[PDB]
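In structure tokens, one chain follows: the form deposited in one PDB entry.
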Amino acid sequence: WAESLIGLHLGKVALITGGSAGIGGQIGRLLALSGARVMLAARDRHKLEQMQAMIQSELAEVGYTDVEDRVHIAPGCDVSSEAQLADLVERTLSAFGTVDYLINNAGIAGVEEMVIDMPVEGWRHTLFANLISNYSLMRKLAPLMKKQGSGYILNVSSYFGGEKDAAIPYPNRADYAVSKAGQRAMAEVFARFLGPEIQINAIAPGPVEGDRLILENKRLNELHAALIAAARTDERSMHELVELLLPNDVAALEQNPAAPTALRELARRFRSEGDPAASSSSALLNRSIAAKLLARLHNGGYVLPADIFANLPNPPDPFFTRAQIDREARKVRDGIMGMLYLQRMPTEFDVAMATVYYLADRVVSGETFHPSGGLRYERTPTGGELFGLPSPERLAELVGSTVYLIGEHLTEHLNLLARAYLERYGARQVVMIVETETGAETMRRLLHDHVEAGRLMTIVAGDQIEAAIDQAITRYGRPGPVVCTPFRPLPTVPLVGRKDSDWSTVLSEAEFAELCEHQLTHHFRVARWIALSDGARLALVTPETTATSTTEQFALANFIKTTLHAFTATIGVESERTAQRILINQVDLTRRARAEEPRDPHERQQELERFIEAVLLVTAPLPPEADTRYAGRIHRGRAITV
């Protein structure tokens, strides 16, 4: 079986992150069998040493000599650590000289929560481990690769990272989905810069065979929605409503005449549509669900003590039995199985084998290979240019609305939008949330007339966008339309260096992390906070490309547009599963080609009008009667191109 592999990658040096187990261990093993010298990177030393022993023993069996020199290890390597990525490169280069193949395989699961329950630092941690680490290792190894005249960067993405011009929602996994989409987007935009010397592609396998949370999240969403629904028609404070759950008795809450209908019917739902073995039938929640519920309520603006769930009775272990956990696991399994065309789940070996053959192909770059797959999962095509504007009736509902505009560098766009909302659509007020005081003054000067009239308010967010949104809520009231534009423009730095250059001017690893902060994390933070604000319609706006934008800005803007589509599509689905169920969509100011951009003042006037129409389309209210299952999914998680 291994005879087909002999001599396939002979003379090549491969660096494989996550190389001690899973798909990475298999890629490392098969690349070594192919004749390549491999460096396996992971955290645990023991696991790496056991894998090294397995590979070396198998190389000896097929006939290799000096097997110790063909398989090396790098323990204590956490890809989320920049310093650890620098030691990895130094250790690899010291053991084998230049790296031919960079296999960016490591990929953590992430937070595994809905965006509204996802700590900001958790999201950043996933981006560091799964995405930023990929640019970082490329940045260190691409100069060597270019100098020797050849190289290969392979990012191990997922089917769940979507595709070119198509986003895939991955609910409870937004951080993971975005990082996967970014690995693919990187290969797509860096290919023209890394070529002809370096190839850069992605692999996007579907689910693979190898090495409860949908129910625990269901319990959280159910309690939260009922608490918010009961708050609508009950005089008691959220504090007093939460107190009804404090005995943590499902039967008592159901039989409580003093408890609101929404909470009584929820307890009836828990007991009837529940397993009598699992304590999720007798108890309302555990402290993990309680802390998440409290954080949702606190983020939403409700006042409750931090210790409200301190004296909460811990449901005697288990809170969920062995039976109900395996039942949902089998429900998930048959779901994944029933999505697979071939209905025979691929293995880690299958993906690695198909990947090791694909690495031999020298005439592809900027592509996403699917070594396994063909899933029945739903796609959100992203990039529709043909759209008009909402009906005049939906536009008439903007009369007296409260608008939040978030931004700083897109001053012409912010001024135009603010004026369109107040002058054309009779909005009551616009709250301009900027980053800096200079940004606030620039906007107050452009909108002097509306500032004087009390129609345009300014707030300086700095790096505290959430607290700034709370200031706007308390001071000016909850918003209808929310337009989130980036504070920062895209950098104008080289993305590759000259063959014999030091690469000292090329976009650094810290600058790539900053790009993600300002162009991805900025929108995530706004969305996470606004998703709990009832009646909000959020437009996430990507940076602007023009006919004069640099070639590097086109690449970085297209990297952001694709990566953010994964976020927009994921949160679009997540919001339909919440009580507030707001609207979230993406408006793209980035295009793929310079030739498509306006070339004169008339075409620019046309473009800026299209921007206003696209924002109005996604910020016009969707009446509750019109928010059907059919129309609801149509008005969430979409992306349109100006």
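Basically, rigid core = biggest C-alpha set you can superpose within 1.5 Å across the two forms. Numbering follows the first chain given and starts at 1. First, how it differs from the form deposited in another entry.
- Aligning the rigid core between these two forms and inspecting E121, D449, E378, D361, the C-alpha positions shift by 2 Å or more at one residue, which is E378.
- Once you line up the core between these two forms, the Cα of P543 stays within less than 2 Å of where it was.
- After superposition on the rigid core, the Cα atom of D502 is displaced by less than 2 Å between these two forms.
- A movement of the C-alpha atom of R322 reaching 2 angstroms or beyond is seen between these two forms when the two forms are aligned on their rigid core.
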Given for the second form:
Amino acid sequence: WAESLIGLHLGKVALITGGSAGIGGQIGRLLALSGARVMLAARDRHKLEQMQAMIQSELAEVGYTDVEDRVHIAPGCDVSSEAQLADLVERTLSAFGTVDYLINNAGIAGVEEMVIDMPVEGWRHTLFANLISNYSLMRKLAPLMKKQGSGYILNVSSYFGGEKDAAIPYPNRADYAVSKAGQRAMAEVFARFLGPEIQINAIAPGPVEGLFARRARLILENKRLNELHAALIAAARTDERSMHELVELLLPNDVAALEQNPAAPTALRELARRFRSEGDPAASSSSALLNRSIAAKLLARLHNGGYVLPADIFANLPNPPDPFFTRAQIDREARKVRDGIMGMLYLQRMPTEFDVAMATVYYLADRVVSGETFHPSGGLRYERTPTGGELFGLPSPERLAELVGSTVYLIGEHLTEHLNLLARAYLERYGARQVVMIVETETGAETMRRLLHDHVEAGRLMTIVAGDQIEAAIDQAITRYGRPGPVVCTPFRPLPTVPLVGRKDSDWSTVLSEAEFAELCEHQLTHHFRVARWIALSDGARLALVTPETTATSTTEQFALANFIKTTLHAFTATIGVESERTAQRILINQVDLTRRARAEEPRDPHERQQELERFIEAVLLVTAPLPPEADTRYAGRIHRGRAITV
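Would you mind giving the form deposited in another entry, to go alongside the form deposited in one PDB entry above?
Partners and other molecules have been left off, which leaves just the chain.
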């Protein structure tokens, strides 16, 4: 195999992030064997030095001379830091000149929690490390590639980031899933701009042989958290005691005592009985309700949900003795995970890191593929109906009738026409009691109050100025106006109006900057994430995530950025649509797309634009009309969550 690689990439320069181990180290190894000069970037110096020494030794074995000139390293490189990415490019260009191949391989697992347990800064950090870093390196290296007349950008995505026309849920990993979907969406939308000189593609393996036990423990700890939280929420619906008083029932941390307490609500007694029946008697989770870590996550969910509880409520919690989960429990769960994964591999074999790197070095030699995602995955398939669609009608008159007297929250600022039309449809057609218009600025509040002057005067339209504090604004709306039914989350900001590539012989100074790409993610992805994270614990809410608007006259740049957002947000919507099922609130969350892939499909005249606006109202109604608990079966429930419809 080493002989057959000779000369394949001779004369090429490759930059590989996360190049000290895994797929990254193997790509670096095989590209060096194929003749390329490689720069391997990573955090840990020692692991990076070992990888460089191993590759250099192998090059010398197969006949290469001056092996030190062929494999360089960039240690202490944290791809989540913009300054460190600029230093990495400086070092790489100083060593080898123009980079031919940018291998965006570095990646972190992320927060590994459900959205409702995910710190906002943790989500942002995953986007910086896994996604924004890819645009940042492309922005720095593409001008030089264009100048020389050739280049290749390869983003190492994941099958769990989804596929071109089918999003995939990845519960407890939404930050990771979104970053992976974005790496693929970058290849899908930038190909038109990077061509003809530069190819851009992604690879999307799933499991790669180089884990199930670590995953198993997280699953068991998460299950305990979810079960406890859902039981407290369900008990609170029909019990007059405060959440503080209900949480007091947990303070002895005694499963049998809670089960046997006739004053405990039915939901909590049944939960304790389930812990005893399902539990391994040797596990302390069979006899203790929770530990310090789970108690902290539970308290955070309750505080986020608006419950009043002292910060030290679990300070005296008895600490359960190890093991909280036995080896038998962890092993049983690890086997379930393993079997679930193996069952998705139609070649019945997980590809190795070497297999993925080998497939990639041959992808890098092709010159006719661009804007695609390759799947060197072992025939990995997760069967699922695609989450998208454009032919829909309205929900039934009986579901629409349930909107009479409802409290609607609309979030937005730049889409004034959509916000005005939607507030009016809810108040004038569907008899909603009130609409709370949560804007970003006082200028936004003035604009919306002017548009909805009649409803403001009648006390039917109220405004809230969120600024950069959307969660606190939602809490103010809850205090002032009551909990919402429909929640329609539109972006506060429009998309930027800037070029996405520069002219061949230009400095690219006006091209979308690395900081502007981070801002695009903040306003168009993080905005929705924060709202969904908060609204997920608001009992009775039905949330619609709305993407930016494309029109028949949008620029090609506008279409590219809007479709990048649309695809990337689908991963978030699909993931949180599944996570919703693990909560007692089990809210509806779906996406309504004001972005189309094709300019030709857009309305072209006043009549067609009117039809589009009516479809927007209908799409929002379809995902915001309530779904009766009786109709909310496992079958129907999944159809009404995590979907995306195109207006």
